[PDB]
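S.K.: Spelled out, the chains give:
Protein chains: 2
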Amino acid sequence: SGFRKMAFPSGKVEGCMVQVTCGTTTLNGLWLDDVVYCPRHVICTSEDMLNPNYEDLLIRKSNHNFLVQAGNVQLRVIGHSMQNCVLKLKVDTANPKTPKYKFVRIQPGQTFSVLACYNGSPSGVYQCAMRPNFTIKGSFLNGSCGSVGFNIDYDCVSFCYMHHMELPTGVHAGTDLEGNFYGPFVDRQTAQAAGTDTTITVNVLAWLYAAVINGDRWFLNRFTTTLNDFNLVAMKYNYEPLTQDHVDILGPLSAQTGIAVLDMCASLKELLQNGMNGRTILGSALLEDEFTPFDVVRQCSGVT
Amino acid sequence: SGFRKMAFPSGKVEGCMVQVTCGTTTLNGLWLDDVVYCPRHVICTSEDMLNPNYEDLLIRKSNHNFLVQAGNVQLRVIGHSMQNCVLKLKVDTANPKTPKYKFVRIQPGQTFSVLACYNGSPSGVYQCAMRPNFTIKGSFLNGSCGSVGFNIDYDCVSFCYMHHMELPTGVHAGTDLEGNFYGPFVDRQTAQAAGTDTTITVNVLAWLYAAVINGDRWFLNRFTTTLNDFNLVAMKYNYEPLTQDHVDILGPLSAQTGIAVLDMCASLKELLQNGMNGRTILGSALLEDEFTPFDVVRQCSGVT
Ligand SMILES: *[C@@H](CC(=O)OCC)[C@H](C[C@@H]1CCNC1=O)NC(=O)[C@H](Cc1ccccc1)NC(=O)[C@@H](Cc1ccc(F)cc1)NC(=O)CCOCC#C
Ligand SMILES: *[C@@H](CC(=O)OCC)[C@H](C[C@@H]1CCNC1=O)NC(=O)[C@H](Cc1ccccc1)NC(=O)[C@@H](Cc1ccc(F)cc1)NC(=O)CCOCC#C
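Chains B and A supply the protein sequences, listed in that same order. Residue numbering for the first sequence follows the authors' numbering, starting at 1 and increasing by one per position. Residue numbering for the second sequence follows the authors' numbering, starting at 1 and increasing by one per position.
Some hints could be false.
Identical copies carry no separate label here, and so any pair may be met within one copy or between two of them.
[To be verified] With a straight-line Cα cutoff of 16 Å, these simulated EDC-like cross-link-like pairs (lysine to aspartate or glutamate) come out: (1) 90 x 47; (2) 97 x 14; (3) 97 x 34; (4) 88 x 33; (5) 137 x 216; (6) 97 x 55; (7) 236 x 197; (8) 102 x 178; (9) 5 x 33; (10) 100 x 47; (11) 5 x 34; (12) 97 x 56; (13) 236 x 270; (14) 269 x 240; (15) 137 x 14.
Just so you know, the hints here were simulated from the structure itself, not pulled from any lab data.
All chains should be modelled from the sequences, with the hints used to inform the complete structure.
M.R.: Following this line, the structure appears as structure tokens:
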């Protein structure tokens, strides 16, 4: 038993990380077969930051303006292109460590692992959710751009996030690996704001199932409610509305515990309305919303 | 900015995980050069559990009673010995992915990453602390024995933990890679109990500095204290006493924030006595004690 903030093993991704330098500017890139993907603002300076003319910047740059290093050894760039907000550097060497992969766009409320990297070298791996406002509550410093988020489905790495920027509220924003931002953000230094964040209800329910599987059951009573009555309560605490699709995906956890989803909803309604009464659940004194139902199934059943 | 429960990149360790089977019992081993390390209770059965006679069980077995698999390739066993509570199986081929490594014995309060594995295949990575009572609060299911904990000192993997068992209180116990248990535990299925657990004070203080670096300051007060007076408060709330060495280890975070350690001690003292009164710190409503001072520096400075 036990329940931890658990990331995917990062080995497959670690072998794909490189550093990409253009002039004075260095960040991280992802080396898959003979292509390196990185944020296109590697070709910018601060003179360009408000209205960068990316096509002009790139056409002034040539294959030799790009320095790509894997570990500490240089790869030769032999071609460059731009796809939305991502640069695609064709290199002379295919990466022999390339895993089976897919580029995916995740949905808000879903989770991924983040390999945080600096100068092409991995620093650490943590678990993040895509917030309903299309930001992530990451841990990133200067130099971390180009770090990627991913899930592992079977033996395929599904890359879903590339890091670009930090908003002044301390939250982070970036693109999928096709270069399109999550949310209403652009890679220019205009003042940008995320909408008001909400709590991811289905994940809270998932984590309360994780608590029952692990023996923390004090909040469980033989209570139940309806979907509509739960949602009237949820919006009062800025929880996202629970749909019957959310109910269905909690099926596996309900199946293993014998607690019907709307019974756990009744428990959650009682926690929002009465508080936690100084108690903890799974070591936390707050309701946690960054474990999906799949996350719970995976580590409460040992998927490998 | 930001702050996450961050684990080390696990790639170097993933390349060391194998499956070890003895009879119908299967768990994980660690393959380094031409030796595989795994818990010795792989050679047991149900009747043995109360008081396994391991020397008898081991001497009676032949190398052919041990099935070691690295992915889908057998490693032939050519020797089988015991060091304390770990079995060492000599195999015919050295691991081509053997990293630079050391076996280290860590102290209570230190953190490490855990690569949870099943049937020799990595499932996930998370961060743990060695509790003052020499247990850990991990996430382990049946089949996870032989999973290892580790730190990375630049390029050297410092293996510090191998997983053996779960106590009935929900916590976990194991050995170092020389086979010696942490704490007073033994690998017999007998009523065993950890001493009273305590909070790791120096770690909470480190996490308060991480909060300040991320702009949470509401809990700061103007008072300073002495180490002697603070330690009287720590004893009252079953916090570990703070040593001058702990103070000095916090020095890099004091250097970054300009807040003296004994001023931050006075802030913690008020938090212990009166709690947080509805407020949060780094998105938590509890004092977190599983980030060491170095963990914080590594995230609030970007060490790779
Ligand atoms: C990655 C850049 C890099 O590695 O290459 C340069 C050597 C960094 C990642 C951040 C640094 C701090 N925390 C991070 O996550 N990205 C930036 O520095 C970007 C560059 C940029 C991207 C898109 C559009 C314009 C510029 N800048 C920022 O993140 C800045 C500026 C900004 C604010 C709001 C917004 F919508 C776009 C850009 N962010 C801040 O300065 C907020 C303060 O917190 C960060 C710090 C310290
Ligand atoms: C790893 C063994 C394995 O992989 O075997 C392959 C067939 C497991 C890891 C645990 C499974 C449950 N939670 C875990 O962390 N280890 C065990 O199953 C050990 C085997 C054992 C090791 C040393 C000495 C005796 C037996 N048994 C347990 O962990 C049991 C029994 C026990 C309790 C207290 C104590 F001090 C020693 C051994 N623990 C429990 O039954 C309580 C937890 O129940 C959760 C379940 C299932």
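S.K.: Are there hints from earlier that the structure breaks, and if so, what are their numbers?
M.R.: 1, 6, 9, 10, 11, 12, 15
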